[PDB]
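Here we start with a single chain on its own, the form deposited without 8-anilino-1-naphthalene sulfonate, put down as structure tokens.
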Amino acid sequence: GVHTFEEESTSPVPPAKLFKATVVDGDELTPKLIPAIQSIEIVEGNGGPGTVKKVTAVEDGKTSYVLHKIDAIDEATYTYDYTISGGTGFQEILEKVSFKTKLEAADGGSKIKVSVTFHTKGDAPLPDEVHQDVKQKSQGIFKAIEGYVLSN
């Protein structure tokens, strides 16, 4: 089943700075800023479309990981689309979760568009617990990096 959510938001950070921090340096910054995220390792690819990243996370001294795959990346349009699937840390009811993110310039800051598609096994609805856990983790990382760039 396909369950789609959108968020439109704003940042005082201009797009090039926000994209640099969230996408180009996101692998390096995230584990430094977020205690729960242990590491982000490129296991396949160059950093272009098809790159797979192993994202390792800790809860209550128990480690799990998920795989992060680049669907689209374009610095010029501030486009980053990626898919989360697989690994020990992935909710059993999910086939995959596909993110489409785009920034644009807005009065010296950014407009942010995120579209999230949860793909469930069979025709399962999306449990609110799974929706919330993925949203909180992905927004946590984004907001930590955004706050960091503002303080730099």
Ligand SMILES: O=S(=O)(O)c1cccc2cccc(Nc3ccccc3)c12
Given for the second form:
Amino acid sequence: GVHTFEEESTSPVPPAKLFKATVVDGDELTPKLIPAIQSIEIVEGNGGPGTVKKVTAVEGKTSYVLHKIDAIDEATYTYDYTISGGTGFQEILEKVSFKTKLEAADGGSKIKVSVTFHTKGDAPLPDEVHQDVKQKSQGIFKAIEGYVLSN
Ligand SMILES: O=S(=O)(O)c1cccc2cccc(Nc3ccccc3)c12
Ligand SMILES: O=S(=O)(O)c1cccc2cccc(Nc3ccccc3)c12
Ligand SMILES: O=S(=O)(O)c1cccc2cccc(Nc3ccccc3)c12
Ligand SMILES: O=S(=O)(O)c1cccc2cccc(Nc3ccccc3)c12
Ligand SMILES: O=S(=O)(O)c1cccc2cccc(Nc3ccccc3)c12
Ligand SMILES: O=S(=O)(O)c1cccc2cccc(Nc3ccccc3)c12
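Please move on to the form solved in complex with 8-anilino-1-naphthalene sulfonate, as the form deposited without 8-anilino-1-naphthalene sulfonate is already shown.
Now the complete complex, all chains and molecules, led by this one.
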């Protein structure tokens, strides 16, 4: 099954600053801010498209998922990535593809996302899986946003 969700939100942080923290410095900041995330390790690449990362978390059980950069562009505040594989990843998911873009709005940012869940089999995406992936996505982003506001 393919399950696509599009949403907009806002931040009081302007986009160059918010993009730098969430995307350019996201690999170093995320484990500093989210206690459960132990490490973000680059498996392949340079931080450009095609870069593969291993994200390790404690959910006392340690597990991991893999991220791939699909697109990244500082001038357009664009970051598209796919989460797939690993011991930490929901059994029912093949992958989740994220497309994220910021734009300047009202001294802060507008945030535009598209999230595509790919499930095994032909059943609806379970509400619990949608809720869990949205809560993790929001939690990381909002923890980084709070850190920027506190600096
Ligand atoms: O971490 S390891 O235990 O080898 C490992 C264990 C299990 C699955 C892995 C998948 C991709 C990369 C790894 N290692 C990796 C390679 C380069 C940098 C960081 C991690 C994986
Ligand atoms: O070999 S590694 O260098 O970690 C490695 C390097 C690059 C990519 C990898 C992907 C999956 C597993 C690995 N390692 C692995 C870990 C434990 C058992 C078997 C393989 C990967
Ligand atoms: O990769 S993260 O950026 O943390 C992440 C970000 C956004 C959504 C995620 C959904 C499932 C698992 C993740 N990580 C995870 C990693 C290791 C173990 C268990 C879950 C998600
Ligand atoms: O088969 S999965 O269940 O995803 C899986 C489960 C557990 C550990 C995995 C480690 C590396 C790649 C996988 N799959 C993969 C292969 C290519 C791209 C992305 C992920 C792993
Ligand atoms: O939740 S939102 O406010 O759109 C959101 C806010 C801020 C950052 C986000 C990053 C990735 C995905 C989101 N949304 C999303 C939508 C559906 C499923 C999973 C994540 C993000
Ligand atoms: O700390 S846990 O939730 O265990 C966690 C476990 C594994 C992976 C996680 C990835 C992102 C955010 C988390 N925490 C989080 C914190 C507050 C709100 C939303 C998500 C992750």
